[PDB]
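So this first bit is one chain, no partners, the form solved without the partner chain, shown in structure tokens.
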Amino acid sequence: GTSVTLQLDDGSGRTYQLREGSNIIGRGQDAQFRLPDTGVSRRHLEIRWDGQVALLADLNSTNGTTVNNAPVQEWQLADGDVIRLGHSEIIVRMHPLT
């Protein structure tokens, strides 16, 4: 099994571990990973995780999403990908379980 972590690269080191299903990143209180960034939409992107594959989708955000500085709608994440949204940067890492 695999797990995926998202780490904010703002100095705080704040981290979120993907759960199975939908994982919403945004500025709003319904977000699973909530960012204090006015350039980030209330529900900005989703990462869908099934324990194997992490699929990122921009949720029609106002400012868009990039991965590895490429503009994305949907994107299949890999270890080391860097997600940018608003003024924020998130480093994606995979690690094995058990």
The other form holds:
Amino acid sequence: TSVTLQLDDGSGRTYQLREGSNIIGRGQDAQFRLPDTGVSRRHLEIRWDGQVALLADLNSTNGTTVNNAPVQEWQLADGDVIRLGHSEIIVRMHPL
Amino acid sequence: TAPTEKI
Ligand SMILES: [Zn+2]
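Moving from the form solved without the partner chain, what structure would you give for the form solved in complex with the partner chain?
Below, the chain from earlier opens the complete complex, with every other chain and molecule after it.
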């Protein structure tokens, strides 16, 4: 299975998940950096093990929603919409 | 990489 995050801001920016920890946030150390000033420096983590993508909010200032519902941890699926700050990320999860 | 703005 391959998993790509698609930033839905017009930029066409994407990030393919690595196995293990993927940090999304505004910080320089994030694997996928969003400059959105409402995004925490370490905002969320997605753990990928080749089968399951498990999102966790990292005690973020503004929270994380999946498909418009606030979440702490969430098992992601193809097409899920993650909202953080004013940004939206579409999950693209496709079996080979 | 300022403090996050609260929404
Ligand atoms: Zn799809």
